[PDB]
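Asker: Generate coordinates for the entire structure from the input sequences, incorporating the hints supplied.
Number of protein chains: 2
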Amino acid sequence: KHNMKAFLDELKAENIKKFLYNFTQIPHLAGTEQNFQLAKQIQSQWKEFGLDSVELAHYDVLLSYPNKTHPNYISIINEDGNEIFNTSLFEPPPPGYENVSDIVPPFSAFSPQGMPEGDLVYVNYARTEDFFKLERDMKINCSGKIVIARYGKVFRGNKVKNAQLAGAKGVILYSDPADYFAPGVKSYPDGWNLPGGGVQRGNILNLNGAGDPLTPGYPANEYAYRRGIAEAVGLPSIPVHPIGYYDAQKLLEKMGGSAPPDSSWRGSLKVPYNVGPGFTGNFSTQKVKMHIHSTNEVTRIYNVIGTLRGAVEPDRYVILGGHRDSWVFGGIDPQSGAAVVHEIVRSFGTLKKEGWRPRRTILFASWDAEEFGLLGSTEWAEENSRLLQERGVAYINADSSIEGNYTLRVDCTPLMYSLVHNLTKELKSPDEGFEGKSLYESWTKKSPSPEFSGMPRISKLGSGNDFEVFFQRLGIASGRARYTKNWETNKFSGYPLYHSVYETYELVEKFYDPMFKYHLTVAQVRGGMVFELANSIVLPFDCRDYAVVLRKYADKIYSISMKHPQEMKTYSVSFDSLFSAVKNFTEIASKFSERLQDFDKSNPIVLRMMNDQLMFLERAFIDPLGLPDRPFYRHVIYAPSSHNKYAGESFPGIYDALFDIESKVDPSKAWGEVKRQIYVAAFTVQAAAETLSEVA
Amino acid sequence: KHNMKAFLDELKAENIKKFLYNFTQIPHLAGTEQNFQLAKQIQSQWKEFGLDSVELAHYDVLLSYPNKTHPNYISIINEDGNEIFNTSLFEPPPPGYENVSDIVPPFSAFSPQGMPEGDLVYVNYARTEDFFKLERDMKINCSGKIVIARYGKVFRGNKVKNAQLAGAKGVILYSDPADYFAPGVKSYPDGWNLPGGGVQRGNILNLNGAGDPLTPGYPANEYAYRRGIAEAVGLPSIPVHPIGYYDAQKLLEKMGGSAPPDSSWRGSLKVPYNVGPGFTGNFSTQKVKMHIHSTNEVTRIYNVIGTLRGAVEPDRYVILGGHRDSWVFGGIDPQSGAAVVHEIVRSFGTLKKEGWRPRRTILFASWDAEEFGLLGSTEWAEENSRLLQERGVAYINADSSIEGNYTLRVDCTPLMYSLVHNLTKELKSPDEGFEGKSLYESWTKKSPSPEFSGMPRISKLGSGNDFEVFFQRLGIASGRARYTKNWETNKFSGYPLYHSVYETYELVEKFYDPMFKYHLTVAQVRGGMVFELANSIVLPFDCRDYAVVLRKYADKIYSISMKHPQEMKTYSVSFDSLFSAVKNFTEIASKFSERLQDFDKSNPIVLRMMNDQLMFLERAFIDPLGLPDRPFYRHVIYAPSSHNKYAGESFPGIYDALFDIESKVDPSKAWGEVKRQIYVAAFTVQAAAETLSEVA
Ligand SMILES: *[C@@H]1O[C@H](CO)[C@@H](O[C@@H]2O[C@H](CO)[C@@H](O[C@@H]3O[C@H](CO[C@H]4O[C@H](CO)[C@@H](O)[C@H](O)[C@@H]4O)[C@@H](O)[C@H](O[C@H]4O[C@H](CO)[C@@H](O)[C@H](O)[C@@H]4O)[C@@H]3O)[C@H](O)[C@H]2NC(C)=O)[C@H](O)[C@H]1NC(C)=O
Ligand SMILES: *[C@@H]1O[C@H](CO)[C@@H](O[C@@H]2O[C@H](CO)[C@@H](O[C@@H]3O[C@H](CO[C@H]4O[C@H](CO)[C@@H](O)[C@H](O)[C@@H]4O)[C@@H](O)[C@H](O[C@H]4O[C@H](CO)[C@@H](O)[C@H](O)[C@@H]4O)[C@@H]3O)[C@H](O)[C@H]2NC(C)=O)[C@H](O)[C@H]1NC(C)=O
Ligand SMILES: *[C@@H]1O[C@H](CO)[C@@H](O[C@@H]2O[C@H](CO)[C@@H](O[C@@H]3O[C@H](CO)[C@@H](O)[C@H](O)[C@@H]3O)[C@H](O)[C@H]2NC(C)=O)[C@H](O)[C@H]1NC(C)=O
Ligand SMILES: *[C@@H]1O[C@H](CO)[C@@H](O[C@@H]2O[C@H](CO)[C@@H](O[C@@H]3O[C@H](CO)[C@@H](O)[C@H](O)[C@@H]3O)[C@H](O)[C@H]2NC(C)=O)[C@H](O)[C@H]1NC(C)=O
Ligand SMILES: *[C@@H]1O[C@H](CO)[C@@H](O[C@@H]2O[C@H](CO)[C@@H](O[C@@H]3O[C@H](CO)[C@@H](O)[C@H](O)[C@@H]3O)[C@H](O)[C@H]2NC(C)=O)[C@H](O)[C@H]1NC(C)=O
Ligand SMILES: *[C@@H]1O[C@H](CO)[C@@H](O[C@@H]2O[C@H](CO)[C@@H](O[C@@H]3O[C@H](CO)[C@@H](O)[C@H](O)[C@@H]3O)[C@H](O)[C@H]2NC(C)=O)[C@H](O)[C@H]1NC(C)=O
Ligand SMILES: *[C@@H]1O[C@H](CO)[C@@H](O[C@@H]2O[C@H](CO)[C@@H](O[C@@H]3O[C@H](CO)[C@@H](O)[C@H](O)[C@@H]3O)[C@H](O)[C@H]2NC(C)=O)[C@H](O)[C@H]1NC(C)=O
Ligand SMILES: *[C@@H]1O[C@H](CO)[C@@H](O[C@@H]2O[C@H](CO)[C@@H](O[C@@H]3O[C@H](CO)[C@@H](O)[C@H](O)[C@@H]3O)[C@H](O)[C@H]2NC(C)=O)[C@H](O)[C@H]1NC(C)=O
Ligand SMILES: *[C@@H]1O[C@H](CO)[C@@H](O[C@@H]2O[C@H](CO)[C@@H](O)[C@H](O)[C@H]2NC(C)=O)[C@H](O)[C@H]1NC(C)=O
Ligand SMILES: *[C@@H]1O[C@H](CO)[C@@H](O[C@@H]2O[C@H](CO)[C@@H](O)[C@H](O)[C@H]2NC(C)=O)[C@H](O)[C@H]1NC(C)=O
Ligand SMILES: *[C@@H]1O[C@H](CO)[C@@H](O[C@@H]2O[C@H](CO)[C@@H](O)[C@H](O)[C@H]2NC(C)=O)[C@H](O)[C@H]1NC(C)=O
Ligand SMILES: *[C@@H]1O[C@H](CO)[C@@H](O[C@@H]2O[C@H](CO)[C@@H](O)[C@H](O)[C@H]2NC(C)=O)[C@H](O)[C@H]1NC(C)=O
Ligand SMILES: *[C@@H]1O[C@H](CO)[C@@H](O)[C@H](O)[C@H]1NC(C)=O
Ligand SMILES: *[C@@H]1O[C@H](CO)[C@@H](O)[C@H](O)[C@H]1NC(C)=O
Ligand SMILES: [Ca+2]
Ligand SMILES: [Ca+2]
Ligand SMILES: [Cl-]
Ligand SMILES: [Cl-]
Ligand SMILES: [Zn+2]
Ligand SMILES: [Zn+2]
Ligand SMILES: [Zn+2]
Ligand SMILES: [Zn+2]
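Residue numbers (the UniProt record's numbering), protein chains in the order written: chain C, 55 to 750; chain U, 55 to 750.
There could be a bad hint or two in this list.
A pair holds if it fits inside one copy or across any two, identical chains being indistinguishable in the list.
As the list claims (entries may be wrong) - Below, computed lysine-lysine pairings styled on BS3-like, alpha-carbon distance capped at 30 Å:
#1 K623 - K718
#2 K500 - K564
#3 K645 - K101
#4 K499 - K324
#5 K545 - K514
#6 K655 - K406
#7 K623 - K645
#8 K545 - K240
#9 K193 - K304
#10 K406 - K645
#11 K499 - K539
#12 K499 - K564
#13 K240 - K101
#14 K479 - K539
#15 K343 - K482
#16 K655 - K564
Simulated from the structure, these hints should not be mistaken for laboratory data.
Answerer: This is the structure in structure tokens:
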């Protein structure tokens, strides 16, 4: 029998382990030779695994690298101009890698060059509300100051944007042990915590879905016409650099000026967490100096694209994609995901060698330059946009398979909720205490839905990964799954060794998943989703689940507006049209579901009409005009939060029109824009509903 | 037998005649009660003809009307402020209609209000090159002058835009007998020429595809949020009014200042055609005063939408659409087309009552407010955009069936060239001297292709009709056909009685088509196209015809650039990428054609893959970012000319980047934009080609 069970049983923990080891012995930084060689290896292996074609798709995109002979660092300087304290030039390498070459030192990718000198202001997490607190309540002016911010809570790019708009002349990012040192656990190599010399790499762009900064809208191919740097998308205007907490303690310990406004501003170091500006009396003439000499340069990147042609609907694509480029060894991010994809390809290929093909075509992708802004996935999607929007059934992401070892994490479109519930009921739980029980059962017990008893938590898709182009630009139903930590104790800043040199094969094998059972469970979830999407006769999407969430989101956004009852009266702000559209969607979706159950099962045209209606439903939520000042965020229901790229926001156009509205100087204009966004949302919901009506 | 022959034989000249009479006894101005009543009549009749459903789709859009108690007119005023000459308040009504109520007086729809006074400058046709001649060569400054321009050569909206940008404070449009009085033919009612009291109505918007000025992007439904007038799309800033040639002679006869630069500036009136500014010595203190009091107001409009559900592919739409609203009686425009649609619906309905259905769904549309900016078609398409872009096979327009009686006129996508050649070879010629010969033969003889011996002329689609949203915004294969005058003697300003009160049933019956044979031929062409598109197993599109034209257009645009060889050297401007893409398109299209011929004809999925590849080919030429500053013109190959909405331009983005480039102050920037447009075009052509490659 060639069925899902055969596919799933072929997957092996031991193969995932072997592949992870293979992928994490040297760094695979985007645009370097080592990552091209890995691309070529994966191409070769996918061909031997049995795929029909496997090609490299390359692009020439803007990347960023430190200058090897002019290192980045930060100083405290006295009034004479002597540098009395310098931050580290590199992370101490882990045991047995102290001779590995080409470890990129910590830096903030895409920082401009500069050597700004000034007084330090401490800005907590550099969130929108942190800056509101400084400027509006505490009356502290960041203009011309160097800000120091702790990592965590939001994407680092949003921190940098927020500091720029506050008038900062540079940003220092650091990892506080409050956020990256779990109590009771040892620092690497003796446990999974961040040492004081550890530093988190990461880009600080604000691309809003654009892809390569120089070529928004179009692939960065050989004849592409590039923007000049001054017109590039998303580059920061001020220098930025990340440090560890040993170094941060030295910059923070002398801070003076105002006390922290409350305890939510204090991390775990032995310093006051004074906001500044500047240092206490005895050190008041000392300053902080940054030295940033990184360079942006157009560099070639390589995606691997594998095809397993469908037997019946070869013009329908189900995509499994995840990235290959890493900051250093990529022990978790991304190779724990890449090894899972590799084993999925192997298992599908085993069935293929026995004569099986999926119903629909499956595309497998090893993306490049994800770490530098989702560049590889976005350029490929830009190149192939027409194929994807008319043929794209679904995209399943495959970055890190683990961020913890407690339970499952799923973020996806509502169209996949039913598919995920049904699949996880057929999979075995890997969890201690749930031997012989389903993954659905363990997941639901450990991560209960906040709404519905007996159901598990499934989150909105946010961003900060390679699904963004597919979901928020093109409107292709998308999802992701991985193992995670306890939601109850989750402080939402990720695992301690994120984007550090310490993220190694040994981290995973010793401390996260020694038996590779959580990896195997994630391979079964990702692979099983792909299998069902590519082989089910009727696409496994339930439109009724979108109806339920649309009502929840309408209730939410209405509740936000209702904090302003006087203005809603004055400006005649009604949500009636949106609730009407959501009611109609609910009714039409119910009727479509009945037909889908009842239609003549012998009629392949009626089936395809209904499969096309299902495929184009996510597509219907796209507005070709995009969201305000974010033309590549086109989905009307979901966009990455304007304050935090990692978080999904629902009804984003109305949300942003309402945000901080009490502060706008022209309320008539501001509430007019709220009404405009309500109209756009109600229209889009009704238009999406109508795609599920009888076609003629 | 229920085949195309049965459909075609059922069409009757005498029915078209009866319907034309029925539709032209009273005015049907958009937004008036009479046009709502006609909508309701056509709805009722299409239901009785046998359509499956027939509904009204209404919208509330910005329209424009004169003030009934404060008429528009133009004066010559002396230095005392006495009005010594006034233009007419209405056209003399034709025989037997002198008691018809509700004839809208001549006006320019969407003119603002005002009473500007000043000196007259005569600007020929108010084309871009006419203003270049005045400003650059003759050194005449239009700033603060009232300009007087003859109708013809270009859409009147482009004249108004050009006059505004020259600094005019008002525009007077008139019909010169050079352009609207055919030598040897009598004035109406004794022949088909424009009398001296006749005046051409028409809107003067510059909408660039937006639809209703207040709701760009979204349908003007009950909850729509409207722009304020100041932010509306496309409204003119200066007052405008049209007059006839009796009145124009009185304004032109006193003109002084500079002589006309050459004879291409002189029309046929007995005046010098002096450019001005102002009048000759004795009258130099006299001035011209406009009085415009029209009002813009949001008004309800009504489309009739009829459905004939497909038997096999009900989710594939073939649309036959034309408008119903008229300026006055609409004897030619639009009712000569509407009567043809009515008879087509009747004939399809006859087959349907006998048990036949087309393979694909046919939609029939009676659009409203076409005369005010393609408003009805565009709002409906905005509402139904998701359905149209995933299901829209083709759109066939059906405005005026005649603009002459000499031969056929076809403007369409290359995807329909083969369909049109094959259909016209099966139709009988109605022409004198071609009795017993095919329409293909008569058409080819009278209107030879300028490229290919033995083939007929087929033009690019321009704009100024209801196909614009479908073709240039949504990328649905579109076409139009009508009878026309001799191309050899055609001065390209249309028929003399265009948009005048004299365009009546009697005009058509006495002077254009007394036997309704040209109407019948046009019904056979439009109807036959719809039949084939809705019933052919394989869609009747030949991708190879696009390959041929893309090469022609690439050669053309290259030739334009090559007028600037030094700049192409300095800025390294290469067309190689575009020629490469066109070469690839040609190769891939040839291979697709082979497969289309060879694929297993028993396999409906392979057929639909290839029908979807054919349907989505026009769609592939759409750029979701649109053309520069024209977001609703998204087709990369074809847009309405920036200088003349009626004319199609090929590779419009590159064309506009090259236009007048020698005058730009920063050549580096200007040639950079040329290169950018070349990249966009080459990319789009290659991406469209790739949609025809094997799918996996
Ligand atoms: C959720 O789905 C429902 C349908 O199940 C939609 O209901 C429509 O709601 C609109 C209001 O937004 C109704 O609009 C009204 O239409 C009247 C004419 O309707 C008849 O004729 C049309 C042809 O034009 C037919 O299509 C229709 O079936 C009816 O036979 C107008 O006369 C109304 O305007 C008058 O009242 C309004 C309000 O006071 C005034 O502003 C006007 O000046 C005017 O006097 C109005 O336009 C429409 O009929 C409803 N369709 C139905 C029941 O089929 C909801 O719109 C939908 N929700 C969303 C968000 O789309
Ligand atoms: C019309 O259709 C043809 C194909 O029939 C397209 O041809 C491609 O043209 C591009 C040039 O625009 C070629 O690009 C070159 O690719 C080389 C690598 O190609 C190999 O490996 C890739 C995987 O990455 C495979 O997909 C491919 O099949 C080959 O095996 C690069 O090494 C080249 O870059 C080098 O040279 C250039 C030029 O001097 C330098 O600028 C670089 O710095 C570098 O040294 C280059 O990128 C591509 O291989 C061709 N594909 C083929 C033949 O299949 C045309 O592009 C297409 N026209 C348009 C407009 O799309
Ligand atoms: C990760 O796994 C891959 C795949 O197994 C390893 O690459 C493979 O390495 C072997 C040994 O170097 C290569 O075989 C050799 O080929 C040459 C001749 O071409 C010959 O001199 C040797 O005797 C041997 O046959 C093999 O080609 C290569 N395969 C691919 C697809 O790249 C890789 O070494 C592993 N990496 C790590 C860090 O473990
Ligand atoms: C932090 O790092 C900086 C930069 O490396 C250190 O400052 C640098 O110190 C060196 C060595 O003392 C200086 O070079 C010397 O300059 C003198 C005077 O011109 C000259 O006599 C020597 O031959 C040599 O060239 C260098 O100028 C100085 N650079 C800067 C930018 O200040 C600093 O010592 C480090 N601080 C700590 C605490 O480690
Ligand atoms: C997830 O699993 C559930 C439970 O199996 C699936 O729902 C079930 O889907 C089947 C169709 O295979 C429904 O069966 C139908 O029953 C009706 C009679 O009520 C009959 O008209 C049809 O001929 C057919 O036998 C079944 O009712 C339904 N059960 C529910 C909703 O509780 C669900 O479709 C799966 N989701 C996927 C595949 O995305
Ligand atoms: C254009 O053609 C249409 C359709 O033939 C004409 O409308 C039709 O006019 C007749 C006569 O007025 C209507 O029938 C009448 O109905 C009422 C009762 O409802 C009754 O009092 C009369 O004895 C007679 O039966 C008919 O309903 C109407 N049909 C439609 C669909 O509107 C129209 O008059 C023609 N217009 C011109 C200018 O010739
Ligand atoms: C062109 O049309 C205009 C506007 O209708 C004509 O000018 C108007 O002439 C009337 C009748 O003479 C004027 O009304 C009268 O005004 C006088 C003085 O205040 C008063 O004694 C009368 O009882 C009556 O109200 C009117 O003011 C004047 N309007 C304007 C705007 O100038 C003009 O005569 C026409 N020219 C030709 C050649 O037909
Ligand atoms: C317009 O009419 C022409 C002439 O009939 C159509 O072209 C012809 O299309 C038929 C397919 O029905 C081609 O027949 C094929 O012949 C080849 C052998 O060369 C064979 O492999 C196939 O099984 C099939 O019999 C025929 O060659 C072709 N003639 C040409 C191009 O000269 C054309 O398709 C029509 N255009 C439409 C419908 O848009
Ligand atoms: C990286 O930093 C080095 C070292 O400071 C730069 O190389 C120097 O460049 C200057 C002029 O640009 C030369 O005069 C020096 O002799 C070079 N020094 C050495 C040691 O080679 C280099 O420009 C920087 N790389 C960049 C910007 O990519
Ligand atoms: C924060 O500090 C800056 C600079 O010290 C203030 O900006 C100055 O004030 C006005 C603009 O509002 C101009 O006259 C100056 O040119 C600005 N200076 C500079 C250096 O840009 C800013 O207004 C302060 N914000 C406060 C007090 O809220
Ligand atoms: C159309 O023109 C008429 C007549 O000049 C306007 O009606 C007058 O409006 C003013 C104030 O707006 C009144 O004081 C007059 O008594 C009205 N006159 C008459 C004869 O009714 C009317 O405003 C205009 N219509 C528009 C702008 O739609
Ligand atoms: C055409 O005429 C106008 C006005 O008579 C000129 O515009 C004036 O010149 C400059 C702007 O370039 C300003 O100082 C004045 O305020 C303008 N006047 C007005 C009324 O706008 C215009 O430059 C002339 N163009 C020529 C001679 O080419
Ligand atoms: C892995 O699971 C064990 C419990 O089996 C737990 O003690 C350990 O801390 C977990 N590792 C991580 C990194 O959370
Ligand atoms: C109609 O055709 C006749 C020739 O049969 C011609 O004399 C007449 O002018 C034509 N009418 C128009 C309006 O062109
Ligand atoms: Ca790009
Ligand atoms: Ca609109
Ligand atoms: Cl992921
Ligand atoms: Cl037409
Ligand atoms: Zn990653
Ligand atoms: Zn990462
Ligand atoms: Zn018309
Ligand atoms: Zn017209």
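Asker: Compare the structure with each hint and give your call.
Answerer: Results of checking the hints against the structure:
| no. | hint | in the structure |
| --- | --- | --- |
| 1 | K623 - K718 | within (18 Å within a copy, 52 Å between copies) |
| 2 | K500 - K564 | within (24 Å within a copy, 86 Å between copies) |
| 3 | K645 - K101 | between (45 Å within a copy, 26 Å between copies) |
| 4 | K499 - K324 | neither (39 Å within a copy, 95 Å between copies) |
| 5 | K545 - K514 | within (17 Å within a copy, 61 Å between copies) |
| 6 | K655 - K406 | both (27 Å within a copy, 27 Å between copies) |
| 7 | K623 - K645 | neither (36 Å within a copy, 64 Å between copies) |
| 8 | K545 - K240 | within (19 Å within a copy, 88 Å between copies) |
| 9 | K193 - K304 | within (26 Å within a copy, 72 Å between copies) |
| 10 | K406 - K645 | between (38 Å within a copy, 28 Å between copies) |
| 11 | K499 - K539 | within (14 Å within a copy, 79 Å between copies) |
| 12 | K499 - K564 | within (26 Å within a copy, 85 Å between copies) |
| 13 | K240 - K101 | neither (43 Å within a copy, 80 Å between copies) |
| 14 | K479 - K539 | within (21 Å within a copy, 73 Å between copies) |
| 15 | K343 - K482 | neither (55 Å within a copy, 87 Å between copies) |
| 16 | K655 - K564 | neither (52 Å within a copy, 59 Å between copies) |
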